[PDB]
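Chemist: As a plain string of letters, each chain reads:
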Amino acid sequence: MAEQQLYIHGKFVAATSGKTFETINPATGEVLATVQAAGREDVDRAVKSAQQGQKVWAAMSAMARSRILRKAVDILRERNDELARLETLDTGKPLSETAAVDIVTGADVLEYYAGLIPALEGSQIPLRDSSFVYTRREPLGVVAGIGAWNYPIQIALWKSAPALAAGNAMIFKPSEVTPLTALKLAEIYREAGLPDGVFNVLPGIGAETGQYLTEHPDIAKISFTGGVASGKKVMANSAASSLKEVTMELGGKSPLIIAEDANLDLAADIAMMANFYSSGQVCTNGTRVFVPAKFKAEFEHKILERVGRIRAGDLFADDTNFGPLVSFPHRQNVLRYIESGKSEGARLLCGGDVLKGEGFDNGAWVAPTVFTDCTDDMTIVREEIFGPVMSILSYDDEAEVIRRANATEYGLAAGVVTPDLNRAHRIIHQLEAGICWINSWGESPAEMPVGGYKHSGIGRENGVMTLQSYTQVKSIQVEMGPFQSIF
Amino acid sequence: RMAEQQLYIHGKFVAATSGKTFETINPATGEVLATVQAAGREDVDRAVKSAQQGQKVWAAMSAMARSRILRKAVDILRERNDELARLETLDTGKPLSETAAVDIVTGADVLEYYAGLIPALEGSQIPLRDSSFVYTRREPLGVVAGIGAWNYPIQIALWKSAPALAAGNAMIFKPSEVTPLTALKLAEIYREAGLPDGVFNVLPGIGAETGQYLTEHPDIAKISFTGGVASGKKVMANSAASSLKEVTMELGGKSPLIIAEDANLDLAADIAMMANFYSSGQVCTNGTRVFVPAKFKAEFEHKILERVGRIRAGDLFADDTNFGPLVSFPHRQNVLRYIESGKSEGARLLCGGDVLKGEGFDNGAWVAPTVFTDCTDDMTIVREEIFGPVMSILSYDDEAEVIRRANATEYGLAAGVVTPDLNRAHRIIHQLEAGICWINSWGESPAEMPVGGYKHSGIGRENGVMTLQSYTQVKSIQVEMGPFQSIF
Amino acid sequence: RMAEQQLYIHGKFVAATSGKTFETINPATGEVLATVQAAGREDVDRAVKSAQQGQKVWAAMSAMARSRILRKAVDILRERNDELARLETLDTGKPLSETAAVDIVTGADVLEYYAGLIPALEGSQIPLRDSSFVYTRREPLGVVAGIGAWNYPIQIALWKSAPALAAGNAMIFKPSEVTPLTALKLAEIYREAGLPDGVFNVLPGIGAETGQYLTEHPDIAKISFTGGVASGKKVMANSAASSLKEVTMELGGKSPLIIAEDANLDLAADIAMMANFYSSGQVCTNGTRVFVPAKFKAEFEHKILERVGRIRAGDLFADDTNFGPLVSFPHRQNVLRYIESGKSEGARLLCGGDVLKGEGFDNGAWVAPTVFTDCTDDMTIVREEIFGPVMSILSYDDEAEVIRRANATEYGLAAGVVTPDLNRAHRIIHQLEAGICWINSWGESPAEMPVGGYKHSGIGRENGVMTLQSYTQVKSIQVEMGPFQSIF
Amino acid sequence: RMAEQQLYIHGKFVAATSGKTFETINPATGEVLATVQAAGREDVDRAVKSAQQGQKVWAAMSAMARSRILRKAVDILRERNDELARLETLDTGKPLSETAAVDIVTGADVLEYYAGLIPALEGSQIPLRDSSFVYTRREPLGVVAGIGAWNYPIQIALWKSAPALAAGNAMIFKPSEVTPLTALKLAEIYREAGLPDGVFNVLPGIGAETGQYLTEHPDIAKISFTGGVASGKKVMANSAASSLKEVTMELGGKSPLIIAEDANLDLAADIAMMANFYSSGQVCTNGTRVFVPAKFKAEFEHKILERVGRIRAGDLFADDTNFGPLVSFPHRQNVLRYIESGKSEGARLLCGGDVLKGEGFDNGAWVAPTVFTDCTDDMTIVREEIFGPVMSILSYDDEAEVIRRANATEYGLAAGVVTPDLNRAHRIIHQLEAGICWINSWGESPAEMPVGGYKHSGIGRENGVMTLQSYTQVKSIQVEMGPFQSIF
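Protein chains in written order, with the authors' numbering: chain D, 4 to 490; chain B, 3 to 490; chain A, 3 to 490; chain C, 3 to 490.
Keep in mind that the hints were calculated from the coordinates and are not lab data.
Careful, some of the hints might be misleading.
As the list claims (entries may be wrong) - Result set (BS3-like, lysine-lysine): computed pairs, CA atoms no more than 25 angstroms apart in a straight line:
#  : chain 1 : residue 1 : chain 2 : residue 2
1  : A       : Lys74     : D       : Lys74
2  : A       : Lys51     : A       : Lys22
3  : A       : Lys58     : A       : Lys74
4  : B       : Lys14     : B       : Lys236
5  : A       : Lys74     : A       : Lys14
6  : C       : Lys236    : C       : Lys299
7  : A       : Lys51     : A       : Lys187
8  : C       : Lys14     : C       : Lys187
9  : D       : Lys236    : B       : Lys235
10 : C       : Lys359    : C       : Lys187
11 : C       : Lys14     : C       : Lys51
12 : A       : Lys236    : C       : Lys345
13 : A       : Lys235    : C       : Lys14
14 : B       : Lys345    : B       : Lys305
15 : B       : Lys22     : B       : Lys236
16 : B       : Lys236    : D       : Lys236
17 : C       : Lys236    : A       : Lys236
18 : A       : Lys22     : A       : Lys299
19 : D       : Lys359    : D       : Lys345
20 : B       : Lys299    : B       : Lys236
21 : A       : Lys345    : A       : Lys299
22 : B       : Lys235    : D       : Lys235
23 : C       : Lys236    : A       : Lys235
24 : D       : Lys14     : D       : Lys74
25 : D       : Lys305    : D       : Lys345
26 : B       : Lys236    : D       : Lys235
27 : D       : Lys51     : D       : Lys14
28 : C       : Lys74     : B       : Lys74
29 : A       : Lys14     : A       : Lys187
30 : C       : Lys51     : C       : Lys187
Model the full assembly from the supplied sequences, consistent with the hints where possible.
Modeler: Below, the structure written as structure tokens:
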């Protein structure tokens, strides 16, 4: 394709860095496009543009903002198939996923927040007959989002929707792995009537462009999605440079707890969806599957049956439901984890190699992989792989499985499979995770706040509360009585 | 002298294992108030283990049981107000006329406020479809840490611990090395009210050691810090490099006080006095940039000087003393450095500008109430927080100009406007970039009112209902009662 | 004229089985606009059974599916704004300059507002102990009934149906017999937007029959009524005696407009004009008691006379017509009786007071805009709602006095104050006994702002987030996971 | 016989001027407990004027000052629990084992809950545009009236007065003529706690006279009524025909207990017992229609009979007694006519069905615990609320059917399901038309949990945060800072 540019103040503009990078189609190894990289001057230009756009945007009525975001939704729906194809080329996720999830649920969140703008309200507190307090929920101003590569456009929508709905301008940095759909979104927003500067997109390298965003003194908040290690670097710099509010959605090693009374067909289906969707590149994946020892062998058989139905192939084919990983460097990291599982004694139930033959030799494929006989000290059990690698762990009692599920620095998601009323709520209330599913996995409604305990995040996305977290409270006291000085 | 002060861990005083101690000074005399043990790394580990155990007991209690215990602590604080204030006056140098009327009174107000709200802490329920719904729990973070500042020691300890405890957490609190004594008394008061052991632990120590150990501990879920802007950046950084903690920060400001062209100048002068010289200027919210219309400036200066001349320094226990020494001699040196930069940069000194001298003052860390006028926005005393009794008077010509100048700063804590006009008061306040805004007053901080800073003056908020919620974390739970459909 | 108008039940027009009909007139010309079928007792029962079936389909859809449908209705209303406004002008006699700028615009604004809040309607979750918790659902009421008034026919239909439908209910709407035509158009618009059949049914009729059959029906869970204070007392009685229904009532008022001594009198006169002579005085919230300081009363009177001379009665479709006839000859007769009582009781007639005469006026029920002054609190025109273009000017001496007299009334709908002074505006407003309070303005009713009456002016509220919640009912659900203990 | 009981008006006992009195009986012995004066029409007006004066004092206080006064009342109630419980037992006939553990304890829990929420009662602020904003105030209604029922006299008086006082109102409370004594004690306790004179007045009397005078008075803004469905329709009607009052009603029910096919039948029998025979069946929320699968009906009947055998009637002050007489002898006659209607329609009497006889029973209004089985949906004992110790057992075949039959009633108060299955429990509860729903339990009513009826079982709710808000009225205030535009 054409050499992709930055998007600043409602037009494509050349980067003033003189630097570029390439994004690879993970199914072929070919270069998709050359992308310009925003430097320090590009960030300052984006910020000044955002400051000018934010004032226009905040001065509109709440319903005027609502209508513009809803027009963007209508465009996204109409262009769902077009945007999904570009997403498939950039990420390697099958079209069967991208046309059905990536833009649909991105738009859903934009649609949800568009409707809530008129309900964003402050408070009023009487103190006494002669004084009262009222609060305003004011825009932060200019905020920055740093996106991840697994759900490029959805992440762009989940960050920009609450930010814009709260009256801010956002500067969005997509992942260097997958920058292309973020730039389409910027065009769609302008077409919908978003004022220039309110959504600027700055492709680049995280070591450079992201750092320049976190360091800029006129950016009031950073929202980051990525791996735990990368988050720790981002969060520090947003302190050492200028005091920014922060939200982080990091990785996890989420547990899936199968109870003794669970149906094993349901449990196996839930476990399949918790591990192999998007080729296992999902932060909320239930990679640690805890199963009663009494049912281990049966559950293993049901997992192997379902793994055999997985259909890798042409990513634009209707029946394809498994794709390559996002890049060859990521595959190398995933294969190193698979080899550490072999060396540490875990039993390889299936997969564990790359895929071979016509149409796979040129892609970044890893076969769906399952380890069993896993113990809590193994590398594959303690660390996030971010690939299609399920770990099966046997357990004996409910107290044990709760301790083991919680004995981690990760805290993102968790789930339980049981038909019993008391067991479902009782187990879930004791798990240390922000996103808990009972008898399901992966559904993430716009209404539902999501985010991590412990090392898996700071703050939340989605829900009414995330709209509020993109505002800052101003408290105003009206003193109508006589003021008394003691001097 | 007081006896050597120990750490407070798991409902009792206990000796530090650091082998290190420090002294706190009475700033009015220079004398050593007490020797205080410093908590080392192993002491912090023991406090966290203690907090984890106590937190489980506390959170398993009913909401109303937690409420009643905090209300008992409020009753003891009200009963012991005078004794606590006298101790705070000894440790900080603030006049008893302040400490007995403000510090514990408004500290206990916030604990009392949160005690009543514990039963209203509620999650949500969201129906997705006939066969599925979501509900949320507002769960405790677990063990949280509070790091206090030295200017309002017991008020800060209450403002941090009250929402943390009311939300079901345990707090480990580290008082400032300058002012450790009242925090240890508060720990005893909480236990006497029935707080389970381990729920409020107190670790005196130095920022570079005890503070850093807390911000680095893997099993602490949140840090709440009050202090200077520079210290905040270091605290905020370690709380990420170690383990990904939630953070609240209340830092300094350079807050503007805008006097409008229709303001009564006696009211403006009274507000400006209270915005600058309470607690000897050692208040983060002080209105230290006073913007006055050019046509009123000379008359305003005259009113300020008349009021400055009423300021009564002296014995901190005397009823009519309303001005105290600064908290320490190193702090006074910093304040004097700023006063000297004001002189050398061409600001006009109208009064003060020197230490106080004579019997009763030579051994205290006293600085005279100081006013500069003819200040410009580039001067160091206008741009930087001084945390001493130093007012800067800036003239201005029109409303758009003063709004731009008020906002042209990295600080963002407080602001105020003096005007009897309805439209001007709201219109100006709405354009100021600050979290705490006062119309025709200054300084009042009701328990119900969230307070904190824009921009570099803070992260998060204190007080109000929202701060109780910020000491919980949300767990979303989806109940799927329909058949699950796998694509595989 | 137009074609015969039928009932709208279950997505289609359908003949009434009552056998009865009535005519709606054009109040500008006296000509029959249309013959309209009246809904009988069996027609209401059919409508309820339609509504019940539709409601289940509606409630089972996702929140965003409901939101998208109401937004499609909004878009249609924006597109047809001018045609619907012209029809409203024909049926009510209000000038097109009003109907095309306010009536549909602000009715659709409220529908748009509630469409977007549907996904935010949430219950709560309340932990009791480790072994038990409570969660709540905001469930639909089921079938609700709205009874409209004639002064703002489609705006009222939208302000009632929008939160009811957004909350998951079906609504049966009975428009006023004076003004049924736009409600029928709205029912068609809803179906065209995708509203399921039965979710909004429209039953024209007389109040004595169709209205009474709705209030008595046992499967209707809520009645929302807009109209006169007297008609309200009757509806509220039958909605308890027959079957216990939730009730919302928006009745009239005698709202005070308080002009302070510091007020600019041109602004005060403009506000008073807009508070009395819009929609030819046929507005429940009108500020018909104008309190003016004794010292400025004469000057204020001259300013009113000057503005009243500017009122332009004439062709209702002409752009510069800003004053219309009253809705009917019987209503004008009542306004004329109040005017005559003003003259007999000693009020001083400042202007107006008579029917309008001449070509173009002899066929409609026009009354000249009327102003009384030298009024006293005991006069009939001061004590009772007239619902016509009749302003009463009252003099006052002090602030406490005017607050007493503004509040000495069984009405409680609206109030306002004119003053540039910050303290005076909030101080006075906080003491007035009224649900809708305007400072330095009048009449604006944003979708976000709950509006409704104190005392005899109403029950409940319309608009705002709270009215969406009020069209749901709370179900509390306790999940007990511990072993239940019986004492038997 | 105690001394003739007087009215409680403005902080003191005062004689009625009505000249009328009534008597309250001990239902265990038939003895007269006391003569009680009845409030006349002039007495009601005096109470309203006292309440108007007190409310002004009370609302002028700070939120936390009101909180502390209500907390003092709570402390007195806890201290005086046993004395109050004994009096409640003498007046109502409920065993001391209940009154000492439930009546005052849960009443004081609700007062304690609302005491803590007073400071969190907030309005809203809504920006419209740069030049205008809205804020709301939650203002007191003023003077409100509570009408109490006889089954839980002091608990009801607290559940009505606690939100009403917490919201800044004054309440005039009329206890039930059957049980007037504890309400007079409550009034002295409130005054002893520091409640201002006039804020809580108690007017004993009859429903036809005193109750009606309260519902008619023009200066009472709200009525909250607890009673039977029939009397509620009368009360709600007069509160309209006279003055347009806000209304809350908690009426009776015919609540279903659904036992699932997978329920443990011992747990189900224990829940059914507690849902039918606590307080001798005189509980509006009782699960008096017990639905059991056909395949389990016989086994369940045996389990019910065994637990009925354990019921222990006797001395109401004995520790082991857990069943009492009905509240009055006229109420026993009504309950007996329902029992005879059950026999005459062919319901099978499983146990009970007669008065208790012998020494220590022949003087009390005792009815034996009674269970009917083989019951059908059309029987009188299944369709109508009995308010006595009469359980009806109904067989069913499938889930869809039992949901239809549970919902096929004009009542809507409570419901419950017994099932260990996650999907079945929520799925069923979500389809039941009742405001109060228990899963695997019955009867617990936390202060945090709103309670009230669907359909004919009530209007509005009690308890929860929402009920604090329902005793305020919303005032919307628009501040317009831009130039006002008149079209005239």
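Chemist: Confirm or reject each hint.
Modeler: Results of checking the hints against the structure:
Simply put, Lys74 (chain A) and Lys74 (chain D) have alpha-carbon atoms about 13 angstroms apart, close enough for the 25 angstroms limit, and the pair holds. Between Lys51 (chain A) and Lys22 (chain A) the alpha-carbon distance is near 22 angstroms, which keeps this suggested pair within the 25 angstroms criterion. Pair hint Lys58 (chain A) plus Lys74 (chain A) holds up; C-alpha atoms about 21 angstroms apart against a cutoff of 25 angstroms. As the CA atoms of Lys14 (chain B) and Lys236 (chain B) are separated by approximately 31 angstroms, the hinted pair breaks the 25 angstroms bound.
Simply put, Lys74 (chain A) and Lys14 (chain A) have alpha-carbon atoms about 19 angstroms apart, close enough for the 25 angstroms limit, and the pair holds. Pair hint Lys236 (chain C) plus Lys299 (chain C) does not hold up; C-alpha atoms about 40 angstroms apart against a cutoff of 25 angstroms. With a CA separation close to 22 angstroms, the supplied pair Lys51 (chain A) and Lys187 (chain A) stays within the 25 angstroms bound. As the CA atoms of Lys14 (chain C) and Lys187 (chain C) are separated by approximately 12 angstroms, the hinted pair is consistent with the 25 angstroms bound.
The hinted pair formed by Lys236 (chain D) and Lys235 (chain B) meets the criterion: a straight-line CA distance of about 14 angstroms does not exceed 25 angstroms. With a CA separation close to 34 angstroms, the supplied pair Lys359 (chain C) and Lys187 (chain C) exceeds the 25 angstroms bound. Distance hint between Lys14 (chain C) and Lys51 (chain C) is fulfilled; the C-alpha atoms sit about 15 angstroms from each other, no more than 25 angstroms. A C-alpha spacing of about 43 angstroms is found between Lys236 (chain A) and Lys345 (chain C), which places the hinted pair above 25 angstroms, so the restraint is violated.
For the suggested pair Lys235 (chain A) and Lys14 (chain C), the alpha carbons sit about 36 angstroms apart, so the restraint of at most 25 angstroms is broken. Of the pairs offered as hints, the one joining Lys345 (chain B) and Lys305 (chain B) holds, with about 22 angstroms between alpha carbons and a cut-off of 25 angstroms not exceeded. About 23 angstroms separates the Cα atoms of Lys22 (chain B) and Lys236 (chain B), which keeps this hinted pair within 25 angstroms; it holds. This hinted pair checks out: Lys236 (chain B) and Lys236 (chain D) have alpha carbons roughly 14 angstroms apart, not beyond 25 angstroms.
Our distance criterion of 25 angstroms between C-alpha atoms is met by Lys236 (chain C) and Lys236 (chain A), whose separation comes to about 14 angstroms. Restraint check: the Cα-Cα separation between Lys22 (chain A) and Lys299 (chain A) comes to about 54 angstroms, which exceeds 25 angstroms; the hinted pair is violated. A distance of roughly 20 angstroms separates the Cα atoms of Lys359 (chain D) and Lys345 (chain D); the hinted pair therefore holds under the 25 angstroms criterion. In summary, the hint linking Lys299 (chain B) to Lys236 (chain B) is not supported, as the alpha carbons are separated by about 40 angstroms, beyond the 25 angstroms threshold.
A C-alpha spacing of about 20 angstroms is found between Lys345 (chain A) and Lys299 (chain A), which places the hinted pair at or below 25 angstroms, so the restraint holds. Proposed proximity of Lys235 (chain B) and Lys235 (chain D) is supported: the alpha carbons are some 15 angstroms apart, at most 25 angstroms. A C-alpha spacing of about 14 angstroms is found between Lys236 (chain C) and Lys235 (chain A), which places the hinted pair at or below 25 angstroms, so the restraint holds. As the CA atoms of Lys14 (chain D) and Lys74 (chain D) are separated by approximately 19 angstroms, the hinted pair is consistent with the 25 angstroms bound.
For the given pair, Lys305 (chain D) sits about 22 angstroms from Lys345 (chain D) by alpha-carbon distance, which is consistent with the 25 angstroms threshold. At roughly 14 angstroms between alpha-carbon atoms, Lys236 (chain B) and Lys235 (chain D) fall within 25 angstroms of each other, so this suggested pair holds. Only pairs whose Cα atoms come within 25 angstroms are accepted, and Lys51 (chain D) paired with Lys14 (chain D) is accepted, the gap being roughly 15 angstroms. A distance of roughly 13 angstroms separates the Cα atoms of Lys74 (chain C) and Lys74 (chain B); the hinted pair therefore holds under the 25 angstroms criterion.
For the hint pairing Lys14 (chain A) with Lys187 (chain A), the CA-to-CA distance comes to about 12 angstroms; that is within 25 angstroms, so the pair holds. The suggested pairing of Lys51 (chain C) with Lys187 (chain C) holds, with an alpha-carbon distance near 22 angstroms, which does not exceed 25 angstroms.
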